[PDB]
Structures are given as structure tokens and as C-alpha cells.
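Removed from the display is one protein chain of the complex; every other protein chain stays in position.
Read from first to last, the chains carry the letters A and B; within each, the first residue is number 1.
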Amino acid sequence: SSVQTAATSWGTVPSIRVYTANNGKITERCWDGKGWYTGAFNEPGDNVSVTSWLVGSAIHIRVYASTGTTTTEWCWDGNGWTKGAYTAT
Amino acid sequence: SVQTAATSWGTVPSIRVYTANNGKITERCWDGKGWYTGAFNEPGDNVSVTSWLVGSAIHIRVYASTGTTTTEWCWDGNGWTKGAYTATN
Partner (left out) sequence: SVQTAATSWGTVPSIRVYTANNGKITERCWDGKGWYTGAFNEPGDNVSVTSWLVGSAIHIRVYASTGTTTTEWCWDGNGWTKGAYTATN
């Protein structure tokens, strides 16, 4: 059937991030006020969810990428995507 | 199964729930005083949503997908309009 998307935004410009899971891969499209562009996030998954929060001016994003029963947390804390501590336990 | 996406704002709060059911996305709304059916009505098998305030004014972006094609819908205070979002997918 269809791709599966997740979205988050912040500020008043705004900034938007849209994550799309498509045939086992998640990609990211980004808006920061002046056109859509392809983001750095490129990781495996059939399903995606996202949440974000600001600490002052700094955006923090958590992307939950799932393949089968395995969910991997990916963390943006200003400069790159790092693996988070999340487990299903 | 049907598929949903939710957003909220303020502290009343206002809530918007989007449901993709048999190729149509509809919108249910809470503004503190009962659920009602909102103005949003667009095609899609999958839905995500994000929203942000600019002062007291809400801005909403809904991402509606069918197959690998995603269409953005914009609320900026005066009806739903098609957004600039693209994704090759």
C-alpha cells in the first residue's frame, strides 16, 4: 500500500522535518523557511515516529525507527544523528 | 485498520485527530467543549501532522500519502491550501 510518514516542527519560522518510511528505508525532508531540502537522516525502518523539543535555541529530535519488532532511537542534539539508549525491554 | 495522526496546542487544549479510512482523511476536533467534524477533507491512505503557534494563531501541516506520493495541506487561519512540499520517494 503506501509510505508512512511522521512530522515535527519548532519555532515560528517554522522549521519542519518530515520522515518517510518507504520500502524499509527512512528519509527526511526539511523546511527552514526557504524551500524543501533532503536532510541528513537516512536510516533503515518500515515505521517511523518522531518528537522534538527546544532547549533555548537548540533543537533536540528523537526519531523511533522500527523494522519488525526492533525499534532504534536516533538522536539529533545539534550536529549529527547518534544512537539512543531506548530499548523495548 | 484505519490510521490516525494527532496534534494539540495551548492548554485548553485544542486537539485535532486526522483519520485515514478507505482512502479518505477526515478531521475530528476538540476545542474544550465537545468533538466536532472539522473542515479538513482530503484523499490519503496515510497521514501525519504537525502544528505550531505564532502568538495565538495556529498553523497546521498535514502530510497525506497514497502509494509513494505525499501531499502537504496547510492551515494558516483561512482554509486548507496545498503546500509546497515535495518528496521524490
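Criterion: contacts are C-beta pairs under 8 Å (C-beta built on N, C-alpha and C of every residue); 3 or more make two chains touch, one makes a residue touch a chain.
Every visible chain touched by the undisplayed chain in the complete complex is listed here: A, B.
Panel shows subunit A; residues 45-53, 55, 60, 62, 64, 66-69, 71, 85-89 of it touch the chain omitted from the view. For subunit B, the residues touching the chain absent from view are 1-11, 13, 15, 17, 19, 21, 26, 28, 30, 34-35, 37.
One rule holds for everything that comes next: only the chains that are shown with their structure count from here on.
Put simply, the C-alpha centre of subunit A and that of subunit B have 19 angstrom between them.
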